[PDB]
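One protein chain omitted, others in place.
Chain nomenclature is as follows: A and B, assigned in order of appearance, with residue numbering initiated at 1 for each chain independently.
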Amino acid sequence: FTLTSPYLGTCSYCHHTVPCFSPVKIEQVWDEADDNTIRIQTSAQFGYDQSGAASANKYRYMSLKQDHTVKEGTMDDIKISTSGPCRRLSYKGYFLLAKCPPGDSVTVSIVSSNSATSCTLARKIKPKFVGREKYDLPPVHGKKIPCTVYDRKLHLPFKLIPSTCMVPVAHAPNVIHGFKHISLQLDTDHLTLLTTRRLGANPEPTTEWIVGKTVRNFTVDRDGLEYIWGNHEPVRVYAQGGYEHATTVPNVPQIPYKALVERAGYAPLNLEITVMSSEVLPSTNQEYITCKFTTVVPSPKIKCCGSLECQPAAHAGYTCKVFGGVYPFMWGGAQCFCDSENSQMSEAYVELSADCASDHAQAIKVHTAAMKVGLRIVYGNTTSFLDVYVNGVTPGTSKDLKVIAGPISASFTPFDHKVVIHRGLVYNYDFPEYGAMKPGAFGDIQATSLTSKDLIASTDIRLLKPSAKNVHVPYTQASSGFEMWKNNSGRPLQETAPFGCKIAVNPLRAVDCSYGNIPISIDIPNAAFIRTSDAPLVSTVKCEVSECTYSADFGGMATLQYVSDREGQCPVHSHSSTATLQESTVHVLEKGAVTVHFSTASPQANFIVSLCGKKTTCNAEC
Amino acid sequence: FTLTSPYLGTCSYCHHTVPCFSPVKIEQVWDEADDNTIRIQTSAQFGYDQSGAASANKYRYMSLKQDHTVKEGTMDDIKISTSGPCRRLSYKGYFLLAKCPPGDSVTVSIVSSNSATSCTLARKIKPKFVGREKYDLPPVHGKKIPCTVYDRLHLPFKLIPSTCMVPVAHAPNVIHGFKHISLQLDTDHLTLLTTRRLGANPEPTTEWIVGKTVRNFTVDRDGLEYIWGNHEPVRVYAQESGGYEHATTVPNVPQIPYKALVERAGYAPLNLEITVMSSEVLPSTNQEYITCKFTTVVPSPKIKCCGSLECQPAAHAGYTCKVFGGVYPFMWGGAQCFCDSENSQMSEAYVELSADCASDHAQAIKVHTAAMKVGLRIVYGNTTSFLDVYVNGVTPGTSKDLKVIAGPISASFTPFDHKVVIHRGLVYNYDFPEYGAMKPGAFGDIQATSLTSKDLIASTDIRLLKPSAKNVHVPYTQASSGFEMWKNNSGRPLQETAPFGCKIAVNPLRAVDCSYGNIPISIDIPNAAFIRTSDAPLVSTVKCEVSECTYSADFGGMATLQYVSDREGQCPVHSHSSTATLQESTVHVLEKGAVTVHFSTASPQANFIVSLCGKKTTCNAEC
Partner (left out) sequence: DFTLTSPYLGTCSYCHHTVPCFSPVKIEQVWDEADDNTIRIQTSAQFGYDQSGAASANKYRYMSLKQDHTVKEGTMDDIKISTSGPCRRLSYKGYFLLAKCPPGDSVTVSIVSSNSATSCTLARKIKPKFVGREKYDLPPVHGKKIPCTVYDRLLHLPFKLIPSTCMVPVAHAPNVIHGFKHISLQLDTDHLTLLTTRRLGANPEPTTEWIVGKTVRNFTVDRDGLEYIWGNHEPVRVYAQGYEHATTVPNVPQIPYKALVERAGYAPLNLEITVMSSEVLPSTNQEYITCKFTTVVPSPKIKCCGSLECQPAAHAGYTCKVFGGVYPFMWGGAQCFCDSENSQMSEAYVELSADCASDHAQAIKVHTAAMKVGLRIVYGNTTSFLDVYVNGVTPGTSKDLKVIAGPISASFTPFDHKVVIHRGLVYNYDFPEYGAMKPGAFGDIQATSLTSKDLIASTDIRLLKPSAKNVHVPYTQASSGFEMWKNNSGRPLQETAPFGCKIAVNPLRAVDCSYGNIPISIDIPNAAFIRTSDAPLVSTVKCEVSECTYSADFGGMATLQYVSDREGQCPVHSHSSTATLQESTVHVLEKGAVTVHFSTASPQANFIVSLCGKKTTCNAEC
């Protein structure tokens, strides 16, 4: 049941372009959803009849006159419109919520029994589509995406919850790989965004929106390159104690490093290290929050026949101005007796939007990091895995294996000293220092958090001398530095990052970057080394290559003839980077024939392959 | 009467943005007319009451519930809308047909007694205007033009060709000058202005104009054609602003007569004027295929509860399948199956021709070198005859009394390329792909030797998608309609770009009235029309005087010939130098000794040898 009733309010357009004094007065409106939905705040009550009752399909309002006659109608005859039809969804007493089309103004009206009152407001709605694909209607088809939308004194509206919206998915580009080449034959019914970046050091990121039919070649710098195409998923294409051991493993996810542990008298050791995962975790000093502010304008304090010298009332984005000789004796809006001895004090400030919480950003300094690594090492018959911070000190407390990953070979970061985080998205942005705010620009208003912890704003509010027909406090103001930065935020770092880094946000991090080499010291338990205790003596090895392909995954095929005393298990490895073997161990029999697969990227290569203790040389054309 | 009833169908937007399961479900829509009209295919029946009867103003539909209650209403309360009003025209049982405005989506709804159901579809309509003049409404005024439009298996409103009213633009105030044409233009709306030179190199030039501008164009001496907004195509030039076998060479240029003198020993010179009345350049046409807007058919997916479904190449149209595993769960979630990760759906779909492929298609066509006929009109003495003749050193124009053979043209030239497309009446030089070598979304995406679907082979980059498990719905992307795409990007027709002022024509593919090079011609004139020195008046002592003259006019020349003749007769007057030509070829010689003749030139101080009967002289003047 209700404790308050529908009121009447001054409107500027009422079925006749002339300003009136009707119910259904529009006070505010919210256009913040990713969804194409709207929240309207009117002066009329819905859901109630004559009293504050429970009529699912009834509203009530003030009278055409002013007799305090709160007559009622059926929620059936209340319709919204902007520049076309509008279909409501929910009624919340004083509030409406609908999906409307263009967005030049908003008109709420009653079309009951011939009597037609309608207030309309001069607010501008814009076409909203969330995806990287332009749509005018959520597809029956397509993907589910993170978005926010409206549900279906203070807190009484339809709150802004995050949820899922259906974006369409674009018509997979017919791709054509070539010599360091990718033409991308594209054919979209609609406007799709096409992003790219190299996975090398210099990514030369490249965004564009495409429509209809074109082709789009891109170089492939040998390091490959990622391309997102219209809220598809981001495919990327390429160009086709114990013994302490010190190596240097290149920092590149998923690519195993084969090496040979050489110890006197002992038999060479199976060693493959795979940097399963890298993270670059930098230290984050959150500076402030920021969002769409709201401007509050309290009824002006007017003093009939005196001076009103306004006083600095320290808070939010406060501003006053003292205006003299305001209203003349008779009406002009008020009941003041003197003419040129009047004064009004215009005061107004800013707060956070009712929805600041659901859509804000995070000013954040970022100083140099640390980097963990998911190392997976295999030695002989056992494979183990430890995480390790990359500095000359902290050992990866793997129980059976003590590893320390030396200082990375080149300090590199995707981030700048200063960073903004919007949603899951981080941008390198030189946001102003807390308290050094410029208006209409990003960070126009600031706050250490959402709980309005000392919010300091600068929104260039400008109070205007009010004319004398009504008590209305006028003012201009700057634009919303947030919204303005939003419509002009770049393509995220997750899409521009200089090394194929996969920027992640809660911990700010650069997942799976690829650059430089990592020194690594491994303490292998003596308990897994075999000392010349392979009964087979091995002698007279030679190398023959059966087949070969140039620059493939594993197109190499070579065989090794020899003579061994008995049976055992040899570790095979190449002592020249011009080639690498697919396997690191081989079951040597007495037959004297060992087939091994390898990979290269040359026409006529020369590499020294090594069985157990012996070494040879191989050759072939690819 | 009807044998089938209104059904219910899943929609994606129903008065509340939420997808529903309502009647009035929109299944397809057609946006192909040149007219601004639309064909809609709904789930509800119109024209019938409770049963399949004859209610001119009644429809029926399924219920709000599902009781198979087929309740009825009045065709009065069914309204269409897209982004504004829409006015229907006809009801065809399941079908609607209206004219609608913008074209972002389509919404069919019932606004009866407070209960409001409405399905709406995410289709995009575009502003259609047929003419070369932009209009938003057919004028009360203006021209009638060829267009296609909807009438008012096969049950819809068919697509017939007919006539549409385009507006005609405000005649440009033209100003001729020295090799010059400024075109002062002033249009209320968007009009297309085309041009091309009539010479060898036409440098064609299209532009759409609005409001007020000027547009000069050179005039290369060969003149030039300009169409201006579905006006008719005026063009402007640069003047001020057996028997005896005779061998000449007539320039190939329509309507311009060739005066010559037959000189035979002892015989009296002969009246000879040849007018190439008409030329045609008829090249051999190998139609390759048809092409048009395809339609994609998606048959209900065959799902096998708890097994593998390895799909098989079912050879036809543009067929494609894909086998999707671990599709749906148990009971409700996905089609009444019982296993979870032991499921499989086969997504299959193909393409056909549009219901309207026939009314709007194109014709892939190779064009190898031609033959050219000519409408020759020859006059000799008192008789004028006319024969058609192929232009090769052989085939004689079987005119009964006159045997003509037109030698091989002086320069093989064609307006066409080895490969050509013909859309409506319009031909474009376009390198369409070979039959069976189709690229998708590009022209010729789908092919067919004819409209009777004679082995249609398509490539439309269809891509099947793994269906999610809340409904049995087979998803897929696809390429764009290579036809429509080529349509929105067909150039300006050849009829408007042709390099010699050719008037490209289509049913026989032909280049009417081109103008280039000279035509050798051998004429066998019947001896029976030659006069041998049998003009009694002896003619002697001719001289030439020019009274007036204008330079480069139609016939501004005026000269007189004094002489002395024995008696009366009829002389043939002709000029033995191309620097000038006479308007008349015969003259009634009297004894007076004074003959006035009109001539035309294009020089200041010309020198030409005029010839009466047998005598010859020289004339002079400044123009």
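Here, contacts are C-beta pairs under 8 Å (C-beta built on N, C-alpha and C of every residue); 3 or more make two chains touch, one makes a residue touch a chain.
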Per the touch definition above, residue among A:2, A:5, A:12 or A:602 touching the missing chain: A:12
Contacting the left-out chain in the complete assembly, out of A:152, A:472 or A:531: A:472
Residue of B:101, B:326 or B:526 in touch with the missing chain, whole complex considered: B:101
Hidden partner chain, touching residue among B:154, B:212 or B:400: B:212
Candidate in contact with the missing chain, chosen from A:84, A:127 or A:424: A:84
In chain B, positions touching the absent partner: 76, 84-85, 87, 89, 99, 101, 136-141, 168-171, 173, 186, 188, 211-212
Missing-partner contacts on chain A, residue numbers: 10, 12-13, 15-17, 19, 81, 83-84, 104-105, 114, 122, 439-440, 460, 462, 464, 472, 474, 476-479, 484
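By our rule, only the chains that are shown with their structure count from here on.
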Centre distance in Å when chain A and chain B are each reduced to the mean of their C-alpha atoms: 53
